[PDB]
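Engineer: Each chain is listed here by its residues.
Number of protein chains: 2
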Amino acid sequence: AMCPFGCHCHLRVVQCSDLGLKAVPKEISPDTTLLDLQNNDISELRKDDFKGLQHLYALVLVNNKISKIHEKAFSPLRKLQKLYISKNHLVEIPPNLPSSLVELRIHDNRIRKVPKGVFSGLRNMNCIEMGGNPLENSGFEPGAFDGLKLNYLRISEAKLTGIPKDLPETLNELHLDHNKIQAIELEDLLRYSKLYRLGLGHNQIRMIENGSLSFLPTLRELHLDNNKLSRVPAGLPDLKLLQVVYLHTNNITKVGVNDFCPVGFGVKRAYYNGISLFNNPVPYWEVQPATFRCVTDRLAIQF
Amino acid sequence: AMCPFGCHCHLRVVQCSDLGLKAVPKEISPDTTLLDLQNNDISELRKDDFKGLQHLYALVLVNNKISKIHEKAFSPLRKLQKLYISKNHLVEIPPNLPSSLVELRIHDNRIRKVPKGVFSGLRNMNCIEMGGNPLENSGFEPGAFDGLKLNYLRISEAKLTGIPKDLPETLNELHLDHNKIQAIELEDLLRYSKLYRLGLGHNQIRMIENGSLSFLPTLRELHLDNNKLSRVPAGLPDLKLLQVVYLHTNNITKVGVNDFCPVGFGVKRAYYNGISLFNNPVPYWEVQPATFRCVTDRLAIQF
Ligand SMILES: *[C@@H]1O[C@H](CO)[C@@H](O)[C@H](O)[C@H]1NC(C)=O
Ligand SMILES: *[C@@H]1O[C@H](CO)[C@@H](O)[C@H](O)[C@H]1NC(C)=O
Numbered sequence: 001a002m003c004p005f006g007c008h009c010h011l012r013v014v015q016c017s018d019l020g021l022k023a024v025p026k027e028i029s030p031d032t033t034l035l036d037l038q039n040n041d042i043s044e045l046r047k048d049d050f051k052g053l054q055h056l057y058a059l060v061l062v063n064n065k066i067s068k069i070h071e072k073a074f075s076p077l078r079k080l081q082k083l084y085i086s087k088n089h090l091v092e093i094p095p096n097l098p099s100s101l102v103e104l105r106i107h108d109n110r111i112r113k114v115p116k117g118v119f120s121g122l123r124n125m126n127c128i129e130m131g132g133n134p135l136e137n138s139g140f141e142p143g144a145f146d147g148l149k150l151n152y153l154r155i156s157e158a159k160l161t162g163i164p165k166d167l168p169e170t171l172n173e174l175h176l177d178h179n180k181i182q183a184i185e186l187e188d189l190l191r192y193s194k195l196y197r198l199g200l201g202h203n204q205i206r207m208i209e210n211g212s213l214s215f216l217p218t219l220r221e222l223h224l225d226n227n228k229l230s231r232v233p234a235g236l237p238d239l240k241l242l243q244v245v246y247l248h249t250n251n252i253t254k255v256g257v258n259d260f261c262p263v264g265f266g267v268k269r270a271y272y273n274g275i276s277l278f279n280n281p282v283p284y285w286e287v288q289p290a291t292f293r294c295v296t297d298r299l300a301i302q303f
Numbered sequence: 001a002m003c004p005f006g007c008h009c010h011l012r013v014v015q016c017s018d019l020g021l022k023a024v025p026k027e028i029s030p031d032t033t034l035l036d037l038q039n040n041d042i043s044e045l046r047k048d049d050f051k052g053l054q055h056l057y058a059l060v061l062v063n064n065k066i067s068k069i070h071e072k073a074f075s076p077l078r079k080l081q082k083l084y085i086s087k088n089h090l091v092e093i094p095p096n097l098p099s100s101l102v103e104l105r106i107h108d109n110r111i112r113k114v115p116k117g118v119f120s121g122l123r124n125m126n127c128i129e130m131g132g133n134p135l136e137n138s139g140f141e142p143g144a145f146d147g148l149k150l151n152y153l154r155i156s157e158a159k160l161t162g163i164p165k166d167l168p169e170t171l172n173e174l175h176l177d178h179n180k181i182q183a184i185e186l187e188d189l190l191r192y193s194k195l196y197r198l199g200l201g202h203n204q205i206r207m208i209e210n211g212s213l214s215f216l217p218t219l220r221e222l223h224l225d226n227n228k229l230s231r232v233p234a235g236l237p238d239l240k241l242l243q244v245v246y247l248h249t250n251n252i253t254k255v256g257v258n259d260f261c262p263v264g265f266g267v268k269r270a271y272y273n274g275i276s277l278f279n280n281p282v283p284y285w286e287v288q289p290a291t292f293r294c295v296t297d298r299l300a301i302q303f
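In the order they appear, the protein sequences are chains A and B. Reminder that position 61 of the first sequence reads as 61 in this note's numbering, one-by-one numbering, no gaps. Reminder that position 155 of the second sequence reads as 155 in this note's numbering, one-by-one numbering, no gaps.
One or more of the hints may lead you astray.
[To be verified] Below, in silico cross-link-like pairs of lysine-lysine (DSBU-like), each with a Cα-Cα straight-line distance of 30 Å or less: (1) A:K180 to B:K26; (2) A:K51 to A:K68; (3) A:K180 to B:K22; (4) B:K22 to A:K159; (5) A:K47 to A:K82; (6) B:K65 to A:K65; (7) A:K65 to B:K180.
[Unchecked claim] Partial pick of chain A residues on the chain B-facing surface, computed with a CB cut under 10 Å: (8) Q38; (9) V62; (10) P76; (11) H107; (12) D177; (13) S193; (14) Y246; (15) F303.
[Said to hold, decoys possible] Some chain A residues well away from chain B (every beta-carbon gap over 10 Å; in silico): (16) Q15; (17) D18; (18) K22; (19) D49; (20) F140; (21) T161; (22) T170; (23) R197; (24) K254; (25) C261.
Since the hints were made in silico from the structure, they are not lab data. Every residue gets a Cβ at the ideal spot worked out from N, C-alpha and C, and that includes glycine.
Next up, chain A with everything else stripped away, as it sits in the complex:
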């Protein structure tokens, strides 16, 4: 089967975008590897909508208005690894997705609660966009990300009121930027013991209670800007590899001299490679230079 009317496709790639297609076209070669059918008018996925696309690797469904997805919709998709279904009217993480899947974009939707065994099948995940969704911490559910060894996860722009606890432990990155988070407590970041990044920018963090940032032996970048913070978060010096913390647009008033570098020189340590602080009530002349001894360049200090 060559390709649907508006579409143009070449060598197993099928490009069907901005045609405003009522649903997934019926003429689609099985040879087909990518199906980019973005910004059309699909409102559901039907059992046999994707029938016999077993060689389909990446399906881009973004910018549609999907809202119902038939159970055995994805089941013919044996080799599928990429499923981008951002900016849709989805109302539940779709089930039965292809164990082959490694990336899952599902931003700007309408998912209010993520149940339990939803991700139970996948065993290759590692990327998961779920922001732009309206979920409150009470929407997650005991063992939602149960058995799911994945390294990236972003739940930005949602209705998070505090950092979730039962996420994947394997997580190498964790984002939660753009929420309504209240404050990072002691055992929040507990089990996330392998993180490189940790965005919490644009939140409402008022009081990060010390030692909580301790369980992140390897944390490398910490964005903690645009909050309601009042002093530099306690634990910063003890983080052997924190190379860029981000604190601008907070409500830091005072900057202790040992608020970043540690008291007695080490080497397990790393020199900061970026520190933000501008746009905080505390002028340049209130913070002794001795304060940024272990940063490298001057240029590393937005201030």
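Add chain B with the ligands to chain A, keeping to what the hints say.
Structural biologist: Structure of chain B with the ligands alone, referenced to chain A:
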């Protein structure tokens, strides 16, 4: 350089999406081949915005608010073959796009005119999305597509009042659906002598002039639905390869018996593989059976 904060990226693929970045991020490994940075807040492209991404193959800038693109902006892109910058505030077709480029999606923009030497450079195009722009026929300019052997071309959803005549002759597909096109006259499709499809759906074609559809020896699919037509366009039977004509939602009143099949049915000829007629003032009972002799099934006759 490992990748920008919100971004995840693996094996030369940099995924920066929905982070709402103010601009194209600075830390981008030259090893990078896909640069997906969709739905952010990019407002312009700066000289050195992309410096040293010579292995960048496809760049995805869709759903951002771009409005100024520096001249030398794309020059660092020796091997770039896909550029999708649809859904942006662009005000003119960007110049000095990489000669390597094969596909250019520039939909939903604000480009009011396309001047002459714009595509002069490229020699590998074949896919151009320019719909969702506001351009009248007066907006094009003599020799705009000058020297541009390309095979696809979709100017949907614009302000076309008639079919443009100085498009690429090498054209295989050509879409002009959703316009305000008035009528397809004699020499309109003159030089497009190599088309397989020709969408003119959703227009205001009142009167397609005979012979005009004669210049398309190979035309295989012709949507011509959603217009002000009043009788089946003259010439249909003479198109040796027309397999699917769409006529629905028009204003076709009478259907001559030899409007579809030719008068002296050969052996070498073609069967229609689909004809639409539904939603037109003319009941199934006014149109003689002898009329669809050469169609194949009954089911190829939405009617
Ligand atoms: C900043 O003012 C103080 C720091 O002295 C802090 O307690 C408070 O949360 C901030 N004010 C508001 C409501 O933004
Ligand atoms: C269809 O009806 C008449 C038939 O002659 C035609 O003159 C006219 O253009 C059409 N009316 C509309 C606006 O549908």
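Engineer: None of the hints should be skipped; say for each whether it holds.
Structural biologist: Okay, the hints, checked on the actual structure:
A C-alpha spacing of about 29 Å is found between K180 (chain A) and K26 (chain B), which places the hinted pair at or below 30 Å, so the restraint holds. At roughly 17 Å between alpha-carbon atoms, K51 (chain A) and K68 (chain A) fall within 30 Å of each other, so this suggested pair holds. Our distance criterion of 30 Å between C-alpha atoms is met by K180 (chain A) and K22 (chain B), whose separation comes to about 22 Å. Restraint check: the Cα-Cα separation between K22 (chain B) and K159 (chain A) comes to about 23 Å, which is no more than 30 Å; the hinted pair holds.
Between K47 (chain A) and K82 (chain A), the direct Cα distance comes to roughly 19 Å. Compliance with the 30 Å bound is thereby established for this hinted pair. Straight-line distance between C-alpha atoms of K65 (chain B) and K65 (chain A) comes to about 22 Å, which keeps the hinted pair within the 30 Å bound. Simply put, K65 (chain A) and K180 (chain B) have alpha-carbon atoms about 27 Å apart, close enough for the 30 Å limit, and the pair holds. The closest approach between the C-beta of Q38 (chain A) and any C-beta of chain B is roughly 8 Å, which is under the 10 Å cut-off, so the hint is satisfied.
With its C-beta approaching chain B no nearer than about 8 Å, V62 (chain A) sits inside the 10 Å limit, and its interface hint holds. For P76 (chain A), the interface hint is violated, since its Cβ never comes within 10 Å of a Cβ in chain B; the closest pair sits about 25 Å apart. Nearest Cβ of chain B to the Cβ of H107 (chain A): about 5 Å, under the 10 Å cut. The hint holds. Taken as an interface hint, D177 (chain A) checks out: its beta carbon lies about 7 Å from the nearest beta carbon of chain B, inside 10 Å.
Contact between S193 (chain A) and chain B, as hinted, is not supported at the beta carbon level, the nearest pair being about 20 Å apart and thus beyond 10 Å. The beta carbon of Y246 (chain A) comes within 9 Å of a beta carbon in chain B, closer than 10 Å, and the hint placing it at the interface holds. The closest approach between the C-beta of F303 (chain A) and any C-beta of chain B is roughly 19 Å, which is over the 10 Å cut-off, so the hint fails. Under the 10 Å C-beta cut-off, the non-interface status given to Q15 (chain A) relative to chain B is violated; the minimum distance is some 7 Å.
The beta carbon of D18 (chain A) is not kept farther than 10 Å from every beta carbon of chain B, the shortest such distance being approximately 5 Å. At the 10 Å boundary, the C-beta of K22 (chain A) stays outside the reach of chain B, the nearest C-beta of that chain being 13 Å off. Non-interface status of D49 (chain A) relative to chain B is upheld: no Cβ of that chain comes within 10 Å, the nearest being about 20 Å off. No beta-carbon of chain B is positioned within 10 Å of the beta-carbon of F140 (chain A); the least distance is around 20 Å.
For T161 (chain A), the shortest C-beta to C-beta distance to chain B comes to about 21 Å, beyond the 10 Å cut-off, and the non-interface label holds. Here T170 (chain A) stays apart from chain B, with its beta-carbon at least about 14 Å from theirs, past the 10 Å limit. A beta-carbon of chain B comes within 10 Å of the beta-carbon of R197 (chain A); the shortest separation is about 7 Å. With a cut of 10 Å on Cβ distances, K254 (chain A) stays outside the contact zone with chain B, its closest approach being about 27 Å.
Once the 10 Å rule is applied to beta carbons, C261 (chain A) is consistent with being away from chain B; the minimum gap is 23 Å.
Hint compliance for this structure: hints 10, 13, 15, 16, 17 and 23 are broken, all remaining hints hold.
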